[PDB]
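For reference, the chain that follows is the form deposited without the partner chain, supplied as structure tokens.
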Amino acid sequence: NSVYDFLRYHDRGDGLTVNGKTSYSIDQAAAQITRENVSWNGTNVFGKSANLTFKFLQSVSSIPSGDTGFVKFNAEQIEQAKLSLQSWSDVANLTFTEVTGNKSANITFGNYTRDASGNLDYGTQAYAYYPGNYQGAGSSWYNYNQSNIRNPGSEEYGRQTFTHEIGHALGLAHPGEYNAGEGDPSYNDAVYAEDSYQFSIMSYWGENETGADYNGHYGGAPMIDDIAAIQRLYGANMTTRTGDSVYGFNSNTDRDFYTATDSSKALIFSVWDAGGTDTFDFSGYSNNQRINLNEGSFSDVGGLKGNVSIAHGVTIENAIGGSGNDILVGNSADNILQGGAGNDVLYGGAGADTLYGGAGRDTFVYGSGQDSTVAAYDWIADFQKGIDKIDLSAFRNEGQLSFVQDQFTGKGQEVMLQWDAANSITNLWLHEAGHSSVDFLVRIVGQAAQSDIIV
């Protein structure tokens, strides 16, 4: 039943209540984040692309906030800021072009170090201005007295702050009515339950407020609701990673937040992918992981909780677990699932899936007849007789499954294992109640015993 619960991991909307707060769906959160109804295309303009310019100020006549002690961006800030911009243009129909000299720009970057009174400010972090035609519109500012701001490449909060402020400069607002300086807001003030770093980088609250746990890390890229929100304003970018993309270990994304170079690296991201056959490669971790390929769902990767999610409108096809005891849940597409070492639970779901339990005592689960129809049957390519198991207990709801040796009686709800000596393939047939013909089939590359089947 671990599959059942995991499938409902972090359910939202549908009149639910989480943490005593109203639960919002991705779109409701996205609408809330774009409530200011402002973008670089104007007010109340949705689904329209934009070609924007950005500039690293070398000097200023004044900072629109009144803050003083201007300091230009250093090399590392410049590189990290470009990565943040890229994480936004990757998902929304936006293009960023740098301008220098006297040319004006839609989005600007600059640091400050003192307040209007001329006193050192080592307490604040950063802020930005919404798009518009007013003086300073789209400008973003950061406190140079903060080490995370000076070293955004080594201090994760810095990079996250860049992405956050750029979010404002693009038209995104905090999930709720609250802002630094104004009193002392908290998650208790959140308009909806999903107002945390787990769903939006535009939030003020840690992922822990929603049950997630990134072990002190900060994802520096747009999360699931941020993606929906930014696309609501500028449209989705359908040209991003349209080939076969691999996320996690052995990544070919050339994106730091989608890449893990070794087991000690933390992964925190919401994936946007516009095409191809893709893979969630989390093979380098030894932690027990829970991987869900359903769009909009969250996964527990590398020892963290709720650190990985799939954006709405995205189809990820494959997943590879680690040496831990994992749970891999596929989607309606044809998935290739690899559990790796450890005792894993694989659930292909709808579609013709190919499953590899890997080393260990693995379990291949089937929740219904639609999971492996004859017209699009599953393949279990490395089944180990007497070690792995095939769970068909879900069929009990319509009558306890009975085993038959070489013939079906017709009473339905019977399971048969057929050995193909010539090809060394075992065909698992299931004649379901209500079905006039045998419509369930799982082909197995290897031998299987009646005692390997759970009914």
Second form
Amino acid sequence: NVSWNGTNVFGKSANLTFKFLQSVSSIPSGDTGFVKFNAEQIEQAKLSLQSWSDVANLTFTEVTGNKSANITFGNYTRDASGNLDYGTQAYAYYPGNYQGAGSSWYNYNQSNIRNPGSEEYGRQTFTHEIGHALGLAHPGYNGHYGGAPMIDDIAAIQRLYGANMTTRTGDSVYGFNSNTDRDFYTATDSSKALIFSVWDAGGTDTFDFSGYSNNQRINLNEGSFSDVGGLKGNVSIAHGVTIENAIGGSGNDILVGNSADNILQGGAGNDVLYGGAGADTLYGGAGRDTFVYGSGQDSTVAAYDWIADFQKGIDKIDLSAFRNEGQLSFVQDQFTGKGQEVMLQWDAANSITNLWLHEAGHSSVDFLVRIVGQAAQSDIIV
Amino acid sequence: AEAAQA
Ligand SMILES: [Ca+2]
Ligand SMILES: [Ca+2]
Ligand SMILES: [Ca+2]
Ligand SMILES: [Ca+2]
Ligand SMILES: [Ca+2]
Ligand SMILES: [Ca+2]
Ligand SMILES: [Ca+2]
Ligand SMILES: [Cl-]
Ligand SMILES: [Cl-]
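Output the form solved in complex with the partner chain next; the form deposited without the partner chain has already been displayed.
Every chain and every other molecule in the complex is listed next, the one we just looked at coming first.
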């Protein structure tokens, strides 16, 4: 384990310098045909640096002239023999006191290296190379490449330098309508693929994947992967992060909440929404949607779910998981005391239906889902 | 120590 703070030093922040070499006396690998970074490479490299300082306690300060720097950037074009090299991609050196430590080198004969802003592999290479120059041993979708640190990278880099708890501490939106000002978290139209692992240090946050028509599986659980915009496992939530809300697209989606209070919106299409623990607010959207409950703890009276757009005769509430302790019986207007009974109660004054479930072994009625609108017995799956 | 990119 190595970092800029030494060997086997963990959770210690670092202030680092970086530099775009304008010339060299030699490249530590023995490669030759040095070429300085172009303007696009410079911009993309800074975006890559930013994606690291976003998640860990690192600061990056550019230096110029003859000042030495922790991390350097430069291109090569030829091997030690002086022959053109159009095969290799890039490499970098660990932190340390040795010559060329922290330096990173990229093959200028590769179009993706010259145009990292328009050729995604280039940006990803910058991110990986910087990762290694920071001390990561092994940094790192329909032909697309994620440009920012992924879930294991984030864990590892935070292990070395500590987690950055000042990042996006307000209410953050990831995906469409993003307010992150990060290209890798932002989708501008339905053709934009998303590949990211979200680091977020506070506030009430939303996964807005409303612009896609693919069937999506969206999971708000810390450390879990989602299938977004027709890709698979392209989105994840870093360890230590709580995302609260999620918006599906026009496809038939699955939205899985976490233990926090979640606002879930299915959008058009036939969606499956699962609030999990906590007081969730669920919008099925247009289409035939199913609201799933997996245990009594999902919607206690002290912290009940709201289903805000239920469509009688169209949507479903799924209580089949309660079978495991005796199948539920529907009662019209009164419980017997026997338990495992479900009642729908219409509040005419407010136009609210209260779904009450008296669970086996409970002295009181402890399960409640409040519904804005009417619901029928045949809307409930037991 | 060096790491290369594929
Ligand atoms: Ca936030
Ligand atoms: Ca949050
Ligand atoms: Ca949907
Ligand atoms: Ca929840
Ligand atoms: Ca829907
Ligand atoms: Ca619906
Ligand atoms: Ca819930
Ligand atoms: Cl930065
Ligand atoms: Cl924010």
